[PDB]
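Encoded as structure tokens, the following chain is the form deposited without the named molecule, with no partner shown.
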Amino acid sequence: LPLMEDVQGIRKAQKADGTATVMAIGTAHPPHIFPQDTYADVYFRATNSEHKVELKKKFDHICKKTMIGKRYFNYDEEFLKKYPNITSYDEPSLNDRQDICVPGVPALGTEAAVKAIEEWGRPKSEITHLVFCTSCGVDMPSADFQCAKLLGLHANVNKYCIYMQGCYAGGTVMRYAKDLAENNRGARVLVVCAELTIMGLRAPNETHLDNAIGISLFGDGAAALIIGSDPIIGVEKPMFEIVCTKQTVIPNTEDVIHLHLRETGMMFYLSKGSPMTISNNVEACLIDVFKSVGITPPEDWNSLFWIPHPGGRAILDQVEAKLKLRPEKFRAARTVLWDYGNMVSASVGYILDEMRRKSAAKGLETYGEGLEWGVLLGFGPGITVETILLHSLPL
């Protein structure tokens, strides 16, 4: 056994040299397409609420201004008929939601993980850490265990299960991955964000009007990333360096966005004013992430590339206005919101994928729209903001 003076030598040999880097991104979504134009008709039919005509035109109006074109779900109208308790308002339904989400979320997550590992090109045996993230379903052993099992990873992979961190969770996974990759030499972190919104699906009511915003917004999906420090030249393809990661809680705003897991499943609550709270405090979070690494914030926010969580059209519009950004800056985020809706923790992964793919297709200088520095933002319950400072690399 080594002496007291040898402990530091072990630490020096154990840690990685460089910055945690995104080197692969894979995405997946379930097969059932639900267009937004017909969503009011399909939802009110599936929930047997066709008699509530005045509540239907209210929901149709909300759906029409979401700037979401389609969403993907693990269910169709035929599947929902097998579970009448999920399609009702307050009937006991957690057991059925868990029966679907507990095995379903890691299954969907694994699909995205397979694509990320295939792009990466190295054997799955080289994955040392797994960070799984979901707000849909909880179990013991957890979703991380199930994902590792489905992928057939090594028995000694260090796993991290990020449960119920909502819409900011896509930022949280980058924060976790940064420390895991950088503090462990040779470590390759597989990040998986997967969500199945059936955990929150229910019938509309007059007392729960804020539930209508959630049903018009959330879609199913999964995103997976391979993150690691010290990229192997000629084998791996380094894209985004995770330089600084900070989580912030906005004071006196707990009553704004809150969700509870009850006997009726996930109960969504949203007060009028969330886009204002997020937009008014986003700049302070950005100045903080830049100051933490000694970089002077740019005079013009258009100088950076952006991956904002598409919590809704209003959140994107207000953050864009506050930071005085040109319409093309949030292009990648707007396309993902349109094509896929809000896929919870998986949305930012989809945007990061869209950004690097379009940058490579246009033949730009870097993966981050030809620009050097950028920010990935997560927004959710708290109100909590996850600010991830990224440095993009050349093609």
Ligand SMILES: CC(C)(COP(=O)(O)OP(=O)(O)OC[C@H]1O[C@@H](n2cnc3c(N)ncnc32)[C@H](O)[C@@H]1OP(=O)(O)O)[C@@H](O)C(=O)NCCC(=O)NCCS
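Take the two forms, find the largest set of C-alpha atoms that superpose within 1.5 Å, and that set is the rigid core. Residue numbers count along the first chain shown, from 1. Only residues modelled in both forms are compared. Compared with the form deposited with the named molecule bound:
Segment displaced between the two forms is 1 to 5 alone (run of at least 3 consecutive residues, each Cα moved 2 Å or more after rigid core superposition).
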Given for the second form:
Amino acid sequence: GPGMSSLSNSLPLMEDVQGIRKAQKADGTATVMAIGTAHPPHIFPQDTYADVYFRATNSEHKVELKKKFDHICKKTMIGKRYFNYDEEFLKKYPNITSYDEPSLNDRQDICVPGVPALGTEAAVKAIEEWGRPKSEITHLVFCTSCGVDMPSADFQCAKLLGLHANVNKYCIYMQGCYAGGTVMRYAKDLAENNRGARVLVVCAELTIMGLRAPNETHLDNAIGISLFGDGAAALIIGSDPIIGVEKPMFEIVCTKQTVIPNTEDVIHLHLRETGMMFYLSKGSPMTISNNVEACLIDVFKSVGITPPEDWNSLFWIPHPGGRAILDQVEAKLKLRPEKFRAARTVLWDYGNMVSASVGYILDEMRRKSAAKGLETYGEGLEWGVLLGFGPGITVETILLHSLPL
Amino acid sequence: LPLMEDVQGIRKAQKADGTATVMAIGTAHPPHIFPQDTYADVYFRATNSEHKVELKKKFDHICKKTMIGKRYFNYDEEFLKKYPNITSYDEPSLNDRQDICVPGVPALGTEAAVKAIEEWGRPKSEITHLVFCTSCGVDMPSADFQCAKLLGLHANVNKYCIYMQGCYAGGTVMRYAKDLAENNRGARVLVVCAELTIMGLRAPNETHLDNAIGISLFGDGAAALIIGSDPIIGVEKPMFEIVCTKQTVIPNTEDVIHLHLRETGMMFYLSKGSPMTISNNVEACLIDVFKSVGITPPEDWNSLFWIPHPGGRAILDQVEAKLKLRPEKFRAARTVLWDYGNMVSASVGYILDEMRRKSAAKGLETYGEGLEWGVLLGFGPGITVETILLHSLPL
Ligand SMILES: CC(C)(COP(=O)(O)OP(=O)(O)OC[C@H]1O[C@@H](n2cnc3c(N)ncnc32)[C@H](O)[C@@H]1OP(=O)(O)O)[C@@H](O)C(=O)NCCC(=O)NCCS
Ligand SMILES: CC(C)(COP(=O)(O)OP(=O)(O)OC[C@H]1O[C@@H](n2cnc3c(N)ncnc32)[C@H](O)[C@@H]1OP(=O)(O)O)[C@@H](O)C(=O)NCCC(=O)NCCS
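Mind sharing the form deposited with the named molecule bound? What's above is the form deposited without the named molecule.
Below is the entire complex, every chain and molecule, led by the chain shown above.
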């Protein structure tokens, strides 16, 4: 345990700066001890998505574009997605279902209170699994690329959960698809540098912020709409787990963010009067794959560990940005076909939930490992990596150590 | 691959020993000077609201009460003529504001960063973390990415983008920097706070008088700091140790200060009771930050040095009165409010810079006005208070 009340960890009686620092910092590695997930109620099957999307956006007359989009939908390897809207809800907003009519205000009115609400649902489940009082949460890391406001989404989530007035909040806005890795990076330093600290990480996304009508000259926008789904993932992270009360699963050993040079125009999103405008180059799977190995070598060398000769020796939580990203990263690292199974299962059942996807995969991995009676939460293996990929191109590389079952 | 018993050894080697310390401060502002005495004339002319005589009389009075002498902006009257939508009240303007703020904020921030890194004296290759802060403009990839790119930092610098945290954000960056520097051996954190207020500029309205109050206060500016634990003797210049950092939300006060990003840009809302909410709850935040580190709060608040966010003259007046402080205690804050206005997240950095510069010039015992302990305070939307406990070092 943290030993907050122990003599060895007590604060100095005199105003000793270094003595305060020694008492204030935690001892061990930041550890994931609970994972909760949530999604909105409306089920959108991928086999009928081309029909639903083209009908809802008054685009069924674009016959050749529909056939092209139906092909893309089959190639996504997504079976279903969840949204906070149905066809009836979209009829109230003809501006959102158009291509470029003014729509930010309406999207903000939905996303500003909606994202913290969805995130709170995942947080309640994470707090329940953890089992300790919500008043003992000292840090809140909220993450979303859907909606911005002052006071921010972290404030709203804290209010809905009824967290202490003195909770240290962090609002990670618009960090896209790498954000699920960014939250682990934040949580690591926050938990490790503060004795007794328990960090609640919340990643929540409502993709209606980027929904619009398909366009022939902006084909990449429709491709993004075939991938993005709504969802929320929440995690409780803390150093020095209390034996018999908390359940330590994954230790966050090293966390580094890397930018791939000369690739700013590969994945970029802009918040305009028409909402979030998405742009994607055909070169994203190959750009990520050609640079992922260098990111892994960096994360291992930064902690003095010799990079494994075989990448199959590790467990993996890669962000399912697209099926081709998963396929090409797998091929470059010479990984066996089942190494990314947890990621492919989540992509199938939930789609690309932006920052929430990796939390869902980490949940799937630990649940399947326990269900099969494996040795550790990380597929029976000791070391692994969580990867976030997004705008920049930016790669978040999170080195994890799994504890035994 | 190492064993289960080796994970703690990795953690021991990875963490820093001492307290996060401010070792360099750099500041920057755009070139266009707008004196406060003539602001009523300039603002009402640029927004074509010269027919609203009764509202101009009220605005001129507010400008005289602000205790701001001048402000700096990235625009002049000629620049504003190219954007009639920004100078109106509710015409669509977000796209144009984003086109200015998205590349402009990291550009201004980089200018301040260059000055901070130059003072620090070590190679830019030694910067391991970047904390960028702004309430003006949002984009993917974010302002942190753009700043790192402009400075030409390493590809693997850990970046933190603090978007839309308002006037308390200058305190938030110190809170972030503390944990980043202290939990990582050899880590050097570059903190950058930059704001371009054109994101909230609009025409005055009688039904929205609180927006006019905001336009009389906000000015453009940037502040940058280098923060790190375990200062290198003879190379680095350690100034302020970040001992304790706490964020507090004052309950039932969400409607006091709130801003919304709409199709018309940033819409500002302010209740007339903001100085009261801040002043009546500030002492409790101070007792809390001292108790958190086991230090008995001083019986006299004049025993500490102060870096309060100059949200407005009345906020400074009421906090001064509640803490029973002598007029010279907020000297650094009042000089910055006068010379630069309210630069949002950048203001506290400017005050900390002014404090250490004047302390060095007067030959005082420490960088914190010759005193040992002090507090940096951020106040903003929520109402949220960022309380940063600092221990200053000798010259
Ligand atoms: C979208 C995806 C699932 C389609 O699978 P696929 O195996 O590449 O399918 P196909 O090769 O049959 O191609 C489908 C059509 O889309 C095109 N396409 C794919 N990505 C495209 C993009 N970003 N922009 C424009 N066209 C694109 C191909 O050019 C092709 O059509 P064409 O023959 O008319 O030239 C796959 O490309 C992918 O996973 N991309 C990564 C997506 C991503 O980047 N996600 C993260 C961004 S936040
Ligand atoms: C704006 C300020 C400098 C004016 O100084 P002041 O000493 O209070 O001036 P006065 O009392 O003479 O008042 C000026 C007029 O503005 C009014 N006023 C002040 N703040 C107001 C607000 N937020 N909304 C509407 N009216 C406001 C008074 O009601 C008064 O007019 P009245 O006679 O019609 O009733 C001062 O109120 C202040 O510093 N407020 C805090 C500013 C702030 O909130 N900053 C944070 C922005 S996030």
